[PDB]
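Before any questions on how it binds or moves, here is one chain, the form solved without nicotinamide-adenine-dinucleotide (NAD), in structure tokens.
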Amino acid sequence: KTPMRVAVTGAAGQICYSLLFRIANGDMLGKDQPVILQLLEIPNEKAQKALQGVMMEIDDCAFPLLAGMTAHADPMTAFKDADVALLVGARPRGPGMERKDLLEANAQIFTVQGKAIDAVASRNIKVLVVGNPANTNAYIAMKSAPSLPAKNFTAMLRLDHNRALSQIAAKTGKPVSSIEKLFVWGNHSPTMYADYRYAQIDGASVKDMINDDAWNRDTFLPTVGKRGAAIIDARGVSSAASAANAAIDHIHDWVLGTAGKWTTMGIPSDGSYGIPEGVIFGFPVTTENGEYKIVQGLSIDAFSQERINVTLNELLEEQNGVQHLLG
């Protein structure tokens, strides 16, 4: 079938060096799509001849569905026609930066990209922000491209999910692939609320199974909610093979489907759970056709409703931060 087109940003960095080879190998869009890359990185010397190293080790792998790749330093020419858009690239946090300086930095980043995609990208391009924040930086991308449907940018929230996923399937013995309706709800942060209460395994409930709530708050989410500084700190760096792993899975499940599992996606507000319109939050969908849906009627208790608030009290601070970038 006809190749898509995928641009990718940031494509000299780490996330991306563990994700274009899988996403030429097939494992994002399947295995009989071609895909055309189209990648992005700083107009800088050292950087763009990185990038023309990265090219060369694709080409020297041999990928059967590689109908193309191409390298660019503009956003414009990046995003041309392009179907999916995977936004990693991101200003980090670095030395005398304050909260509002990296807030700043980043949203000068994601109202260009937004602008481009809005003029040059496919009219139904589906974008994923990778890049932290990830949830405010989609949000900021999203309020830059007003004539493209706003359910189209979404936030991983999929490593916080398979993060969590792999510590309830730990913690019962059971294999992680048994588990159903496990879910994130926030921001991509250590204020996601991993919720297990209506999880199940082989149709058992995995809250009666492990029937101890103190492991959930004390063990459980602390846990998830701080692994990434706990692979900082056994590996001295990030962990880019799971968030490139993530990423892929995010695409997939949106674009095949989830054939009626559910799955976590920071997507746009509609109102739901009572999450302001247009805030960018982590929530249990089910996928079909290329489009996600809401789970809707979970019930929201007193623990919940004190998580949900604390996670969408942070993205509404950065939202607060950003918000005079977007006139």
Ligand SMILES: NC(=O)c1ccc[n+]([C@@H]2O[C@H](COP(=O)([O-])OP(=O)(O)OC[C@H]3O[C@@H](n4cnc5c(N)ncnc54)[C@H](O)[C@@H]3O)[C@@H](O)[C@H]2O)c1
Second form
2 protein chains.
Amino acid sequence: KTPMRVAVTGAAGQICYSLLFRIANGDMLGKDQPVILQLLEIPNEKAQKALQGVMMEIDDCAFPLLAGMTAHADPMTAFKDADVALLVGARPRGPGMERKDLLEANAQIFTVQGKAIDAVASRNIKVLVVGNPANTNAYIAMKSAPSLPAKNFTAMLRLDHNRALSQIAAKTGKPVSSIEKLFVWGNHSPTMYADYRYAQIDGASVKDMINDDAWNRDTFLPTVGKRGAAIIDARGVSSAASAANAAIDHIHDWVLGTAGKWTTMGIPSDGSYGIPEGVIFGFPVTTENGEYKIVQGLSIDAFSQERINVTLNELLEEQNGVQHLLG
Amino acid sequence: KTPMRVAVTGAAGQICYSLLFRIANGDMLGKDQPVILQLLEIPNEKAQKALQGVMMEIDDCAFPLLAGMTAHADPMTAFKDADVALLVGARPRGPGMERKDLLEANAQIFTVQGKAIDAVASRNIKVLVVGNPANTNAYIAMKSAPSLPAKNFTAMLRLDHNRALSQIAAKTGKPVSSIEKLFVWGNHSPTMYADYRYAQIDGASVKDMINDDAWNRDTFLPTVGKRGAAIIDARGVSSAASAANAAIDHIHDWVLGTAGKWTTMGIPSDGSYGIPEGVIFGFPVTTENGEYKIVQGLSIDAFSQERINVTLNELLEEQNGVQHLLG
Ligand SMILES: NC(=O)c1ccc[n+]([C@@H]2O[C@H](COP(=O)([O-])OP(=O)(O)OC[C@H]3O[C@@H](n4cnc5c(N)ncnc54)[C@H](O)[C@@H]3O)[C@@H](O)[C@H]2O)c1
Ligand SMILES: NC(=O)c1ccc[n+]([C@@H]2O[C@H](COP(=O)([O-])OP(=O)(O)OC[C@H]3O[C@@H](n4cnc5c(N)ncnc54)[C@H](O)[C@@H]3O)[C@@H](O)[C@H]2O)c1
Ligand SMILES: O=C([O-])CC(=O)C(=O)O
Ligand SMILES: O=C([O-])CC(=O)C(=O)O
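For comparison with the form solved without nicotinamide-adenine-dinucleotide (NAD), would you give the structure of this protein in the form solved in complex with nicotinamide-adenine-dinucleotide (NAD)?
Then the entire complex follows, led off by the chain already shown.
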């Protein structure tokens, strides 16, 4: 059938090296769906060269679903008629880079990329921001694309979700495949809040199996929250492969549906749970018909609104600092 | 169903970083087949640490097919009850390493690993050697495992096959998915011989479409033959991702079958095409019922036996140098 055009940023980087071959393999949009990859890297020769080699490798796999693949240096061309956009490329916080130097640098990447998507991408393109700071970058891009619907601008909280999903199965000794209703609120940061209060394994309450809140506050939350750094402790390098799986999961679920299951998505707030509007935020959502839907009525206890507080604040902080680039 | 136990070597390395997540995802043995990964790395702390991080990442993907995963430092334990073994780890030819220093180093890895598979693996384990020199390493291992059937010891020629598969679709402008009957003879080296004389696209003769033998001898063969190095020219690093796909393809096809299609496998010679017995060699094969079968009757013209000559000789050379380790 009609192949979709998938534009992916930072194509020559680590996440993409794991991400690109599974997209081409059909992991992200189904096995009966051909794809046209439109890759974007910075215009530097060493980046583009590397981007050339990666393309040579993708071909060397003989993927029957790959109906096309082009390399770009301009977002304006890489975003042309894109149905989906994975914004993985972002400016790393180098030596001397204060939090403010990061937000300012990345803001300028995302207003530009956001205006290009706004201009040439599909009128209902699904955007997903992986490059950090994910949530604030998805917001910038979203604000920079007034012709596109805000809800199409999401941020990946699915890595934190799959990591909380991993910790629980480990603790419960239960298959990770059977964990129902787990989710994550807020920012994709250690400040995130993995909420296990509603999760169930075989209908049984996960919270009640563990039957230990000290584990929750002291072990589950900090482990998930700092898992990324633990990967760097072991591997010496970031978590490319798992982040790339999360993005596959995010788009796959968003597009193909969760059939009732709850999942996590950094989406623009509609004011639910008291979260200010237009704030890209981790929310438990169910997907269907190509769209998400926030899970409502969840009881937010003292411990939770407190954690939801710290994560929203950090986000509000980041929004404040990138406002001046959104003139 | 009954999960198979997949032992994979060099787990903390590059090929594996791309390989492991697709095995767990079910790309290699089917989506209804759970797997138990049994990972092996050298006993060094930095290797094992890295191997720990990779395992943390595999969990962070919440793969429903992954019924288990353990890290090892001993082949004797990593090979326990293994149904399939991907021998990806091998000693790199470092500075000052003459061809002889390589074969001697790698020989000593494969006799040891070959005796351990021989001892604790399944009585009909499928072995596949990715670590270079692939063919000669698969031979060493095979010879070191007299209790197991020789035919179970293969070497990956599927990367050269998928690269020849890529070059042809590129030249013909035809989908790589439609190229029938292409194959590769000999050693996994630039000395390999991609044979397009029998390939067909929609029943049509590929050779006759190109209608240019100078392209064959001067462009197709050298490009495929030196594609690996071209990847290092562009990327700055080896071809991890595509090699990892090839291994998925090799095992997948070997196990699930090619349904009539021809593919390439470095297998122990039975004397077909005049190739000496027990010589791991690229041969066009069709798979079924869990086993391969050499394509017979292919006409071997002057140009071909000549190329088949250079590749067998190189292999015979490598065999000669590793004999003294096979006491
Ligand atoms: N979302 C998550 O859960 C999560 C998890 C881990 C890491 N990360 C983030 O993912 C991003 C990428 O990390 P990586 O390890 O893959 O990085 P990497 O350095 O290997 O790749 C980043 C790539 O993006 C490119 N790039 C830079 N500016 C670009 C631009 N203006 N336009 C197009 N491409 C651009 C770079 O040249 C680079 O190759 C980072 O911001 C990283 O911190 C996010
Ligand atoms: N078969 C092919 O078509 C093909 C293609 C490209 C590269 N290669 C080869 O693949 C092999 C691996 O390459 P890579 O880029 O993934 O390498 P890498 O260096 O990233 O990984 C090799 C890993 O194997 C481990 N190892 C070493 N000795 C081992 C042993 N004795 N037991 C268990 N593990 C051991 C190392 O610690 C290392 O982490 C190399 O020999 C390479 O040249 C083969
Ligand atoms: O996911 C990562 O690599 C980093 C991250 O957000 C964490 O540990 O909070
Ligand atoms: O596959 C590789 O990376 C190297 C190789 O065999 C080649 O170019 O011959």
